[PDB]
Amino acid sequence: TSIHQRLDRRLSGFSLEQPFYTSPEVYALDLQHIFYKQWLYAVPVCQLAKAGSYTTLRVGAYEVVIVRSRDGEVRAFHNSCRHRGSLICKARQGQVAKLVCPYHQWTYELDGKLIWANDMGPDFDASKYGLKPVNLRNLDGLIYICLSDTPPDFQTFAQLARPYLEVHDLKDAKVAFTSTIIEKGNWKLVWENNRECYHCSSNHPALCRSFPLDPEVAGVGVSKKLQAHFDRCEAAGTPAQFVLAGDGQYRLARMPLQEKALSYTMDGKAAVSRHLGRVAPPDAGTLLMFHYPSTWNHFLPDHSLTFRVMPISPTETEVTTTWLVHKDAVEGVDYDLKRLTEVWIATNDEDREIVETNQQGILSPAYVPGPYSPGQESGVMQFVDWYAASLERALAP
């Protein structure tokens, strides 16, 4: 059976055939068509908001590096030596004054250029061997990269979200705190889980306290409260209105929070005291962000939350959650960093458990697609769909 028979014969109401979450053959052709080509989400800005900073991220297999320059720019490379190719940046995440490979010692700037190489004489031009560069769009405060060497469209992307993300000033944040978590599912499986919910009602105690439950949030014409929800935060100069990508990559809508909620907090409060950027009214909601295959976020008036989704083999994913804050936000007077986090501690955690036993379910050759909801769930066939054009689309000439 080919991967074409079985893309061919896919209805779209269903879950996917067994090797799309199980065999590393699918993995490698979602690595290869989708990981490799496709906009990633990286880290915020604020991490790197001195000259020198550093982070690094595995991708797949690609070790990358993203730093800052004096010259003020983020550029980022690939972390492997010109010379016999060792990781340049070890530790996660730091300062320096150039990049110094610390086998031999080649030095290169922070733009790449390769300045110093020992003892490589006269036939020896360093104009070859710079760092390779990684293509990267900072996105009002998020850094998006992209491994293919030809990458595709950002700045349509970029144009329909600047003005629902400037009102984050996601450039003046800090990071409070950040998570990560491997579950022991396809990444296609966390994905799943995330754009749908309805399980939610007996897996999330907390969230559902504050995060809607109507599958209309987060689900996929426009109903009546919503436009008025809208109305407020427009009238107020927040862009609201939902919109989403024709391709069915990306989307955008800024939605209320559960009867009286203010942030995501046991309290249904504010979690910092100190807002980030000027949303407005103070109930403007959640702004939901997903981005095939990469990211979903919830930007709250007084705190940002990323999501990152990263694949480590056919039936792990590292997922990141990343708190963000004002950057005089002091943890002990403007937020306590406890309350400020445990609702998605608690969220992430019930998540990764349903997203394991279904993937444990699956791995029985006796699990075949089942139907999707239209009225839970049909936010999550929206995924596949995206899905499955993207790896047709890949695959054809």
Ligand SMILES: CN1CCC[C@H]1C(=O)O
The other form holds:
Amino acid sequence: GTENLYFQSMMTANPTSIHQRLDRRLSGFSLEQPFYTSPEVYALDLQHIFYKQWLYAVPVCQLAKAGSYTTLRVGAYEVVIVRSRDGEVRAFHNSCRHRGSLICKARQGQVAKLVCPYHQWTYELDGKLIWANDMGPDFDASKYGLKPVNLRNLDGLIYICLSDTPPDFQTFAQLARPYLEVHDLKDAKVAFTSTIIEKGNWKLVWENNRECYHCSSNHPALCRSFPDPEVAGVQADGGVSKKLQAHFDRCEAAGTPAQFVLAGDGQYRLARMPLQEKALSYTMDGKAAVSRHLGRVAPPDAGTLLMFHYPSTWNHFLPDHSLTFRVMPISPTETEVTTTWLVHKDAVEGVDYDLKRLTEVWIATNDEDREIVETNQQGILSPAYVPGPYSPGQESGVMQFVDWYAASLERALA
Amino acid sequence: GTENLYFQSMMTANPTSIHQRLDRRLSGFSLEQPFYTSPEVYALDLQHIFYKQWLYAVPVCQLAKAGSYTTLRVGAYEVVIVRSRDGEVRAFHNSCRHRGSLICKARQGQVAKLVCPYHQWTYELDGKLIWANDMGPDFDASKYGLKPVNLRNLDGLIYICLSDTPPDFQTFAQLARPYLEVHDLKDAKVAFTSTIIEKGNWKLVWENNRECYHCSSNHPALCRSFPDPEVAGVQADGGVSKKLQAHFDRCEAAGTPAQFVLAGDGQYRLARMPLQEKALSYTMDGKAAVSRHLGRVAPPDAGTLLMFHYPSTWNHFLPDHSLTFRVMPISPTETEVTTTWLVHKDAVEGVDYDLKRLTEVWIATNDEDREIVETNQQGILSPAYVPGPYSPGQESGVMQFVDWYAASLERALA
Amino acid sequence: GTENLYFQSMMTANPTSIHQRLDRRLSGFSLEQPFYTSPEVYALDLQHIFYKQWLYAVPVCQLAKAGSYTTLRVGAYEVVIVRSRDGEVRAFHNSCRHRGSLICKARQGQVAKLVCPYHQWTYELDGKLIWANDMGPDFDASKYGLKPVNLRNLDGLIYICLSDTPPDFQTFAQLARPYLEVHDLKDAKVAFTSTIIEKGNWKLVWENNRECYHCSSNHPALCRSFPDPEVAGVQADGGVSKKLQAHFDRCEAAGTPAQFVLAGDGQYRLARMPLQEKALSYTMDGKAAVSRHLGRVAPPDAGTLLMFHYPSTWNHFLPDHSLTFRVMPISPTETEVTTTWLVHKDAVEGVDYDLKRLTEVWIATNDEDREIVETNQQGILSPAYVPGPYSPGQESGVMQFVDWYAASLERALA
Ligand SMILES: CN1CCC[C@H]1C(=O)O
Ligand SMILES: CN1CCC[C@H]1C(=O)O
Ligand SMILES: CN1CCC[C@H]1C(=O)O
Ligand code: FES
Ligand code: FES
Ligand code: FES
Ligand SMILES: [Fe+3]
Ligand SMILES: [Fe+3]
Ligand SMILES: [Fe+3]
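And the form solved in complex with the ligand, for comparison with the form solved without the ligand?
So here's everything in the complex, that chain up top.
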């Protein structure tokens, strides 16, 4: 399948010549092949994008309990996120300072201390090394605490940054707070998590996400509740339609922030968009999936709070529940997408919601997107693939993403 | 197995130094290791051989119907071959000009138009882009038709060439026509297709094919019907035995071209050779597999029309049925071989032929060749492998192939 | 799992700069990441370590019979070891001198001659080419015998060396003989063989082996019979404890060599160490596994003859049976470990020993070590991994190994 096509295609590819490629790039066109297929560009994307920008990791409700921890891989990093004894959430490199071992092997759990499974070096939940067996009298444990990972809490959503010099997160955090706080995400629980691998480059997953040019043919279930190019894109940035604005006004008159806002540098966007017709949620019948709402959004037909933050996440926060999506790179032609359904912590499965009803729409959607992304990746692997033009009407959000990515890479290579 | 051996062997391999290796090559010896094992030479073989020469794709009878199409991968290219509305067979790159997607996902089918599954850009069966949704009023669809692939019809067998500057095909086509036309291949149907992966370099598959030095020990079934070094090789090029010539004369007196002919540059060869003993076909009992013949070959014991055309194909055309073989590179140590059994279009399975009887000999043979090729590849992966001498008597066809390959590569690197 | 982590980690790794890394290395610290993760260092480890030093292959009792042979892969080499007609054991490259094929496909067997399966070139059991079909009258078979592999017999254990210029083996052989001869290994048979792949670099397998810092937490079964840092390491090299020396004296008064000895260059070590408490063998109850002993070791509580010889082997020779361990590199993050249980040739399964009782302890131990090695490898793959300090008390044997490896590599690159 794709693994072999990947190998075949890179055999005859011309040199990456990344500066030349970046120089000649036009914003109205899809990217030249090696951006989507080459290990050279993939290495750059890790080094300069995923290892430098803030990334969505997990909802904070996953760390509700004392000594609770969750682990994730970002590229080659293995990160552990923990609720320390002081109630603070902190992140560390999941690598013992002795000989490097993973410390936490499970995806989630609770501990009293972080105990290396190899020789039992023992760390407090704030990373300090509190016991190391037989290291001699001049061993200085202060030099051998776990390495910290920069971490922020975005109103109930934990973000991390693998750089020692992280970019400004406060601008985004301040902008987003009014929109997110009404969802009370700190009072959520995880109802369901779905993790899939899509056999396409992470950028193809994002280009796919940033348009609904493909949705009428490809997403029967989603199309019952998700609408219009102005919804899914960014042409509302140059000015809002009267019908859309009336929706924003209904939300905001009711005390729910809605207005479309786009970062200066294009990194992130928030907008609370209307749903189709009379739909209220992402369900097959269009009605709320959960009877006990997560948050205080009003009115009931407030629709979907769309939030993207490149490179890691897109999100849908509805009046009754929320969904977060985490995009993580696996190889030049593979990307991991993790979808997390968030419901009120006291919402009871089988009473306030049905698992199938809650998840079926986006399970189906994700599978459809995956098939499309994978088909797109396979064609791109041809040596005959050349950039093609994006639709100005239907793909302005795709251009906006690709521009963000190219600018980010350019700045990092300067 | 071989995948790991491949990785191990390339770790310590000396530099490819391809010009030096080509310089010191002697025609009487097998090739130095990296020709058979290195990704560097494999990349060259794709770029300079498979992407530059004409290649056998499929029988034209697979495209008998209106709107019919078949897809194939050549290296990293994905090609679609289609019967257009004017009755002409044409080939295209199976990559949408929008964002690159595969258009035809199935191996075979029928369509009215080529409709991209992603955003439904729609193409006529001659590649023209006839509808693109919402591209703006200055989109010029004339610039965005599917990219054509050079295609020839060799008397019922479709050949393609991935280069914008294809080599001369007419010399071969003219030579071959008299031999092939008597098989009426345009009136065939595909009775059976077998696709296997052999874990050896494509050149090892060809060296294996071009001798019967290995056949008495390794091919019990084939040896009941397939003969003698003069059959399988090229020593008839310097002059024909009296017994072989008498066979050619029996065929040709009956109006069936037979005489051994070898290209100037060694690319191709045709000869109608006698079968063993009293055999008439490649079956366990030696009798015709199919009672309704494909073509008008006479006499009934005309034997096998051998045709090879490097790098893609060898073929056996018998009085009752025909077999085509397509060799396609998968990685430095993997090669795809596709065997196609062709019978008269009106021959009925279970009445005029039995599927098992028709296919069992060459299914077995291919499996035996595969085991041999794979065993050979595994030994070659050793760093202790050094070229060895070919048998002048039994491997003159192997030398002839290796000479063609080296000359072709030399010319392409000049 | 690890395969993908390997790929991710090498994408962003800094250049290998092997001389600089070797220059700055401190003996008290674990190695910088690329020693354990990079294909560049793995290639060096093959070229300069595994392809240059003597390596443990198999016990000679596996070649007891006339025409008997055994095959093994070392890196990319395929080696065949054979008992020739003169009774001598010899090794060859398992690659036919014609076109390179493997000759012996099975792991073990008996033959009269070595017959290539491809075109039946036939070799005597001392490698001479005695028949080649149809090679012409000026073919000189004297030039086309199998390529020999340097081979030594270490008191019943066959060692090989892939270099044309092997290092001195006699120093080790002379030192080891008194300790090994009392085990009568030439009179052994193989009771059981276990081959596992551990997903860590070969060096991580060795560092793991060379300490029991991890054993109390990780090896419940082994800890019932295997003891103390002085046992498993090398601090007895600077001087022996009174309790350990008393053990050596009990052995040696009984005519069984025991005293700790360490090579000048650190390559190898032999010591006959006491077992825990009252244990006599590696069994769950601590009693002898086999009632008919392999060899003449006395007293019955002589304990374990530990022998390591880098890079290929560690070994435990007990009064009742013996175990050999062979370490072979598979990729930068994979290593093959082969454990061989040796018992007296006349010991009868189900009468003198029970297979489960004999093997269960070290089957369990190996599986525990494997899990630990693999967990360690996964943490090391993080870009945040940095060298950490070894315990002077508990890891002196780890330092000693890493010093041997670094010195060996330095000398080979000079
Ligand atoms: C349209 N894009 C943005 C939202 C949904 C996604 C998709 O088509 O599934
Ligand atoms: C002998 N070669 C050429 C024809 C058949 C092939 C083989 O041995 O199967
Ligand atoms: C302690 N090392 C050396 C001997 C045993 C090995 C282990 O812990 O299994
Ligand atoms: S690797 Fe963690 S204590 Fe040794
Ligand atoms: S990729 Fe084909 S229409 Fe968009
Ligand atoms: S490869 Fe061994 S005889 Fe030909
Ligand atoms: Fe979609
Ligand atoms: Fe064959
Ligand atoms: Fe252990």
